[PDB]
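Just the one chain here, laid out as structure tokens, in the form deposited in one PDB entry.
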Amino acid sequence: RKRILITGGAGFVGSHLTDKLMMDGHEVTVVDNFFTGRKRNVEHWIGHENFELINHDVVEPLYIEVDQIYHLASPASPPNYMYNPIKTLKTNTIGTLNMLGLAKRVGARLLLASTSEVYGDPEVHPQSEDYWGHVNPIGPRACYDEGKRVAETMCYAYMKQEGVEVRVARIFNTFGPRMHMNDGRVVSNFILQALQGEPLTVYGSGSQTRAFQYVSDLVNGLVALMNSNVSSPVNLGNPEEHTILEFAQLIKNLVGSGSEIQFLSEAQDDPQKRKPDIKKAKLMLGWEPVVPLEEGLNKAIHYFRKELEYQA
């Protein structure tokens, strides 16, 4: 059994990771500032002898004793990371430096929640871990894209110079229960529009592509990577790729909705395609996703139908 810190642990992915590690008998500390997450996502563990929740911003120094750190603290939705670009940049840079400083002092292993956005608007397909990416350093999404790229650089600098044990996950689009209704990402927007009979809002023509993974698959991958001997980056995603118009049509069908599909302005600097190569995770970890897309989407639709009731 281990002492484990999860930054961003009151968010969407972090709350599901908290559940797995608590069930396995570890001592878990969650750090969050509730910028985009909420106490409600982890409230079922409050009071348990092996759990603590701390209201703390990772840009401020933190001194505790742990064996492992899962570093997930950052806004993740484009409308929420572009809300305040200075906050986004400070979280990814100063926040990551503070957590590597902690790992160095106490001898902890640190895992970074990086992103497929490090690949930018890709010029190879699929995207494997050897691709360097195509990213605008001064566009409206750069506060996030460049913040995450430099966070990876920081991890490898501390490994080489100070002997810190590091792990890096490049996470592809993941969805599931506990996402906020006003999060603004595509799966939550389309499900809620369809449920209410409002127009599904496609940004641009809808020919751009993404590949979506259910949250339980991501959580199993994160724990496998943390406890492996692999320090170089590993893609964690589902290789099944579709267009955004196809995704709108599928959601409309699974919900059983009469919503119109409408076409609005394109998003500025929007990546036009995305598909992970997961050969490395398969061969080095023995990991692959096991939840089919329709099964996962049905679990998410159930969550949001309940939420609209928790409102009405």
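By rigid core we mean the largest C-alpha set that fits within 1.5 Å across both forms. Numbering follows the first chain given and starts at 1. What changes on going to the form deposited in another entry:
After superposition on the rigid core, the C-alpha displacement between these two forms reaches 2 Å or more for just one residue among 135, 143, 169, 200, namely 200. In the core-superposed comparison between these two forms, residue 38 has its Cα shifted by less than 2 Å. Once the cores line up, the CA of residue 27 ends up less than 2 angstroms apart between these two forms.
With the core superposed, residue 286 shows a C-alpha displacement below 2 Å between these two forms.
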Given for the second form:
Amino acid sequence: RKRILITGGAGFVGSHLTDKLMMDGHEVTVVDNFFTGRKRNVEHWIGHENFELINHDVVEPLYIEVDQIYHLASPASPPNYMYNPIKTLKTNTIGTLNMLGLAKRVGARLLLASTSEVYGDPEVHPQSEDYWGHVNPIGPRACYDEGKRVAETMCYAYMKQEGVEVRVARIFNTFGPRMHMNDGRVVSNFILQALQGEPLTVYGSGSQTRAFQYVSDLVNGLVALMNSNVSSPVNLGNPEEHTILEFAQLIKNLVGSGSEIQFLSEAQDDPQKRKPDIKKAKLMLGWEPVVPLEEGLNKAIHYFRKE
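If the one shown is the form deposited in one PDB entry, what is the structure of the form deposited in another entry?
So it's only the chain below, everything else dropped.
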């Protein structure tokens, strides 16, 4: 049925988006510069009749007839984006302007992969979509945060001024096969520790909690949101809390490397900074996260074990 463009389609979330859309029957074109993505992520569809992979940086204009654009082209984990603030800004600015220009020209509906970071260090808990956020416009993260903030602004500008149809997802922390293992976040870190024999190290009693979302739940959110009539931003994330200890335990079992878990009773964890309200997504999209933590960790570990 639909002609669909995915920018960043060779990346973590984008490649799983591709899969789903390729299997629902659509004609998918992937645009990606391979700055962080990888051909292995989409290699299964090369050659297939309805797929096209284009090596292309979104800071360059694109002219293609499509019905829908999922705009995920953007550096995503902190080490990648903080190392190149300028490329990060150019991508979120010039690149969003370009994709919105295409969407306007060809009458595509455009969905933006924004981010809970537009909320900054929140002074409201949890964060709903009303919150304006508390964000340093010139810190070392600002290239991503302000970059994604103004990309949201561009969307509504084109919506208000040129009747572009726009969708805005504010994406919270997400995990699974093909994820990046360098956020030094708790799951990537425990998994690496276990996969190579190391002890899993748990601060204090492992009592701080973390809420992560499994990638296929995200991908369902995105598609649900794209095909809805809600044009204001929608948080997509999983607000279920698991203790850090529980992540150690699950990852230990599922890797099965007989790594030990060990406590540093004098050490400590930071409470998670952001926590998504997703009630608007339940109400307007009928969507919730349905993959249990253990199940997503397993599918993830399965990926990384054989890798």
